[PDB]
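Got a structure for you, written out below as structure tokens; questions coming shortly.
What follows is part of the complex, with its chains left where they were.
We just call them A and B in the order they show up, numbering each chain from 1.
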Amino acid sequence: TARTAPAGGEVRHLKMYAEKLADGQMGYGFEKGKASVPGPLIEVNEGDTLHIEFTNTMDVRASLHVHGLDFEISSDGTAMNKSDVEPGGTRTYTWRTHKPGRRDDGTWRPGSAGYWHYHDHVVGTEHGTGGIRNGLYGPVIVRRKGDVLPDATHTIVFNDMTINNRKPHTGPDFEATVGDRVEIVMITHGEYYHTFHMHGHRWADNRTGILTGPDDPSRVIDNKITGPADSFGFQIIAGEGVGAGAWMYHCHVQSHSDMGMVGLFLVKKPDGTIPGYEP
Amino acid sequence: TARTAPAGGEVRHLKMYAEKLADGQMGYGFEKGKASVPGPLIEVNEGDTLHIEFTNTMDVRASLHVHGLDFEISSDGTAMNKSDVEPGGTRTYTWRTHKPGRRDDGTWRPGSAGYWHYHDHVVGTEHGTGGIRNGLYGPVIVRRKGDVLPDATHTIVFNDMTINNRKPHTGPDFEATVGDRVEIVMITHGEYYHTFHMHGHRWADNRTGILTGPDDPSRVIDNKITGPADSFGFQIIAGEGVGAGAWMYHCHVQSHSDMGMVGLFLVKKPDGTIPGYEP
């Protein structure tokens, strides 16, 4: 009954922009004037190739750098390799992915599938400390053939003392209906360690956050320590075994949650009601 | 020979209290005047339901909030849900648990088993920063049918710069005899990251701390980074392959151990002696 990922690989083309935003932040977008923080999700299947035509519309040098995926040195997007982009410039980055498989020597090649991310490597400092602070980051998902696909995917980025660069105590909030298969991509950036926590839900601490069967010994968790550039993801069944509610998620570092690193996973009945909860 | 957990689920009733202590701290107990920090261990089998008649005996609002287990929103113990308890009041919290199994859609449902914990979510702040600092935390274990049961279970909580809210350099110490199966439940709370370390012993970094057989690829470790609200647990054979001794456990963050986050795992010969140890 559950929707499943197909095999790659297709060659895919895509435009991407970096824009400085009116409030001082910086964001990526698939369309000029539609930059967001986090940047848009890129999802591919193992084997796919992605050619990203990237345009830097800003007054400063900027780049696109990615985790996990196969790229040649000319596409790591760092200053050292002159792989970043001049103001007003355009460059085509190529990301590639591969399936797992046996090497000639008999060992097993891992394969690209997982929850990754992309970000700037050049604004502010040669490690993109400025870019990253301002919002130049976004999620990437590489699916393995056979992976369980969600109804929806949300991205939660712990960037310094903010969630998704939002002001303290301003979410983001997410909504689902009891029974929705919800996917979270959880990314951390900046200076601090954090512990991501979801009330009422839990996942497996492995590649997919799901257990394929009774033989997987991965810890089942609802809390997880994370540091800069760490990424993981998982799927849950909204309100499974617990019912509808305004379920908090937050960083569990005590002063962080006290100072606003909090949001709500709003799980609704088919009638839209949530027990407790107003606003 | 090794005793294993049975199947649930029974419906179990329990009473619990929150008390302010003479010394300014706060603790939970199963009986009034027998509060402890950490609180008493709650251990159940997958499928069990637990109804906790909880009384807040303090002058401030307080709550019980649990990780991992199934509870409806009315039992999350947060202020927002009006799920906490007035001074002098009594509420019944329900914790449910479930076995893993196949969902209608063919996917695999995780199951409650693991090393979890409970704590206050309301004293001092809406995240229980005061509650937690003062001592309102305790361990929870949910067993899977077939899990290996220990001789004893000890709880070690790294709460800010303390172990079990104790003064620097005052343990706690634990005693065992060479050959004893010892379970540790290891929980972290507060502001800081820590690294838990035990001399002379090691465990698997998975759900149970134990490898089922030769196919489990989990790292075997004796050191592990933890943050606020992380919980894990494991079993070791006291002095297995290493003999009797005063084996330290400590946080390995250098200034933390220097400033007192240290205790002793006292493994004795059957005669009661420990090589190279006092007093």
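Note that in this section a contact is a pair of C-beta atoms (placed from the backbone, for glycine too) under 8 Å apart; a residue touches a chain by one contact, two chains touch by 3 or more.
For this file, in which 2 copies are placed, how many copies does the full complex count?
The complex in this structure file totals 3 copies.
By definition in this document, only the chains that are shown with their structure count from here on.
If you average the CA atoms of subunit A and of subunit B, how many Å lie between those two points?
Here subunit A and subunit B have centroids separated by 31 Å.
Can you list the residues on subunit A that touch subunit B in the complex?
Checking each residue of subunit A against subunit B gives 1-2, 148, 193-195, 197, 199-200, 202-204, 210-214, 217-225, 237, 240-248, 250, 252-255, 257-258, 275-277.
Which of the residues in subunit B come into contact with subunit A in the complex?
The contact residues of subunit B facing subunit A are 67-68, 70-74, 76, 78, 80-83, 96, 98, 100, 103-114, 125-127, 129, 132-133, 189-191, 193, 204-208, 211-212, 216, 218, 225-232.
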